[PDB]
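With one protein chain withheld, the remaining protein chains of the complex are depicted in position.
Note that the chains take the letters A, B, C, D and E in the order they are written out, and that residue 1 is the start of every chain.
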Amino acid sequence: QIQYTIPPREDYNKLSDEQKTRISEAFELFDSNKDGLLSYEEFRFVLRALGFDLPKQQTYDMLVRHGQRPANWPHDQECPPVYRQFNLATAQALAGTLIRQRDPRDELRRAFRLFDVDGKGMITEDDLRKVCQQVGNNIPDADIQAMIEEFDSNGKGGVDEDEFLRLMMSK
Amino acid sequence: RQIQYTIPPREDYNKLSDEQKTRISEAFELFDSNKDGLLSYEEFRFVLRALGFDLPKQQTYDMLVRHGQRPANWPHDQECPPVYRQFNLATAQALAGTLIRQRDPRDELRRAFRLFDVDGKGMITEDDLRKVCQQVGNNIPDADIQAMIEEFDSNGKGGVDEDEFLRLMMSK
Amino acid sequence: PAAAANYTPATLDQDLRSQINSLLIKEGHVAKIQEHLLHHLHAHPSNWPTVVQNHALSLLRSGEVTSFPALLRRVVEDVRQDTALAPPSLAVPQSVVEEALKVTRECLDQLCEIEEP
Amino acid sequence: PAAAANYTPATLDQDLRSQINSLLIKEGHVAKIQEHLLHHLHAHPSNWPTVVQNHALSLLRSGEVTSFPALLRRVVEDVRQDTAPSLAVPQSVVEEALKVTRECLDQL
Amino acid sequence: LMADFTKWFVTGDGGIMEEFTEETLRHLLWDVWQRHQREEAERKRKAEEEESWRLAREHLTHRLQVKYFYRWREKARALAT
Partner (left out) sequence: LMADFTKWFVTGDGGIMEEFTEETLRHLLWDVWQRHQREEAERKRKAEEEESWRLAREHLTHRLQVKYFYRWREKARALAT
């Protein structure tokens, strides 16, 4: 297999400024060494910060394909995949591809799990109130009551995952 | 009488680095929870405190009256009080820029010194450096941190005081 | 008692010696305190102090004023102008003024007499 | 009840008729299990399993292999390189195999 | 009539009504001033503890510690030669 190759940037360019800023943000966060380089696990975390929990296999493939050796490594010797690092370009490109390849439903399911922390299977007014307390802004109970009641099709007293996704993807 | 609603200059915002501009935009976007691209008075105050500025109310009020814009929902035929005015991204950028460029380099260092020495002992010891190491996540050999203390400890007191911290952190 | 000087009637009149003299005589064997009491007692019922406090509060909350002396000067000017315009307003109600007239009148009646030319 | 018939000497000799015959007869009054037992019990003393485990661990730690069958194939492939810390099974247990198998193969 | 003189005295410049209003304003305003200070202490306290600011603060702390710690350690290793 071809190896050490830089990843394509086409899938990174079509992003918006916010996203790119978030990628650079995550990178800069987990770039404690400040060398503009990340270890393997740091990169895994950087992806986990963007909300990607990929399996070791996929990140390892990324590692062998697009991993660069560290400077301290003597070029006369072979370098193992694990000891390789990631420059900003690789992280950006890879994260970009991952994002554009991402299914739009995932973030919403994740969010649904964030709103419904008790795992009841649905989001109730109380949950929305807790989230409101988390956001900091105070919303009248009529609004949140309307946020639940308008989308509750069972009269169960909350919104399940399906309804959440459907309402959140609806135009 | 006082001029009012005027837009602030970007001259002090332009010479900034990408890091600074990005950090400002980050702070703004963070405290811009309503996502309307506008901040309230207190939201802006927090945005300034996010940059590490603990300005007095007087100064932020001056900023508010001078560069505060009326909100859209407000009827244009009547006067709106200063407190009800808001800040777009541009104003926050300009003001933050001026604040950053006018700020003396010692402030952030004194703050940092208080961050390293949280117990208020008056000096930073090896233990503190170890705790900070634990906070950052990276593990550094004790020889280095021991050298971080010993190399700059001129009293043999077992730590580095504020003066020494600034002197060393400002050293060329 | 004290022989007066034909009272210099118009409210905005200039003579200050008679005023400070009267004040001097009045403070001794103090009567001023009665005025203070009657006024406070009659000032609180119209609900003026709460308005004043609320205004001062708004001024402090906005951050427009950041020192007590500035707050004092500001509020004093504000009541000065509201009182000017009156003839929620911070102007002192006319009731307590009338009260001032009455109580001050009785005190002055006891204290002094006004000669006739 | 078994004739060697010049025994197909070369270690690389590819004979399955004799092998399946002998193995089949040997399976009755099974000896495979005795060899296996004696061998493990004699395999652990040489300290080989730790070498193998550490290698397999490294393979799993790197993330190169992410499934047990792949780990098995990878490691069996690796140990196979006897000819090349070596994962080769010590010669001791081989000699033991020779002895016990000879003994149990002598009876037939 | 005395009443006219009293009127001048009370509603005049430097009158009792003026000094009175000034004093009562002094005391009342001082009270509400201290009141406001305490209220600001508590309101600021409650405003500080909550999430958004806490995120900004934690971020700030981390960034600063990283920056100046590694900068410091660089100075140290440099001096160790």
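The rule we apply is simple: contacts are C-beta pairs under 8 Å (C-beta built on N, C-alpha and C of every residue); 3 or more make two chains touch, one makes a residue touch a chain.
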{"item": "Option touching the unshown chain, where D:25, D:30 or D:72 are the choices", "value": "D:72"}
{"item": "Given A:15, A:29, A:54 or A:88, the one touching the chain that is not displayed", "value": "A:29"}
{"item": "Hidden partner chain, touching residue among E:13, E:22 or E:58", "value": "E:58"}
{"item": "Listed residues A:110, A:120 or A:156, member touching the removed chain", "value": "A:110"}
{"item": "Missing-partner contacts on chain B, residue numbers", "value": "33-35, 135-137"}
{"item": "Chain D residues touching the omitted chain (full complex)", "value": "4, 7-14, 16, 19, 22, 32, 35-36, 39-40, 43, 49, 52-53, 56-57, 60-61, 68, 71-72, 75-76, 79, 89, 94, 97-98, 101-102, 105-106"}
{"item": "For chain E, the residues touching the chain missing from this view", "value": "51-52, 55, 58-59, 62"}
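By definition in this document, only the chains that are shown with their structure count from here on.
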{"item": "Chain hops separating chain D from chain B, counting only touching neighbours", "value": "2"}
{"item": "Chains touching both chain C and chain D", "value": "none"}
{"item": "Best-connected chain pair, where connection means C-beta pairs in contact", "value": "C-E"}
{"item": "Between chain A and chain D, centroid-to-centroid distance (C-alpha), Å", "value": "48"}
{"item": "Per-residue overlap in chain A, given as positions that touch at least 2 other chains", "value": "32-33, 135-136"}
{"item": "Per-residue multi-chain contacts in chain D, two or more chains", "value": "none"}
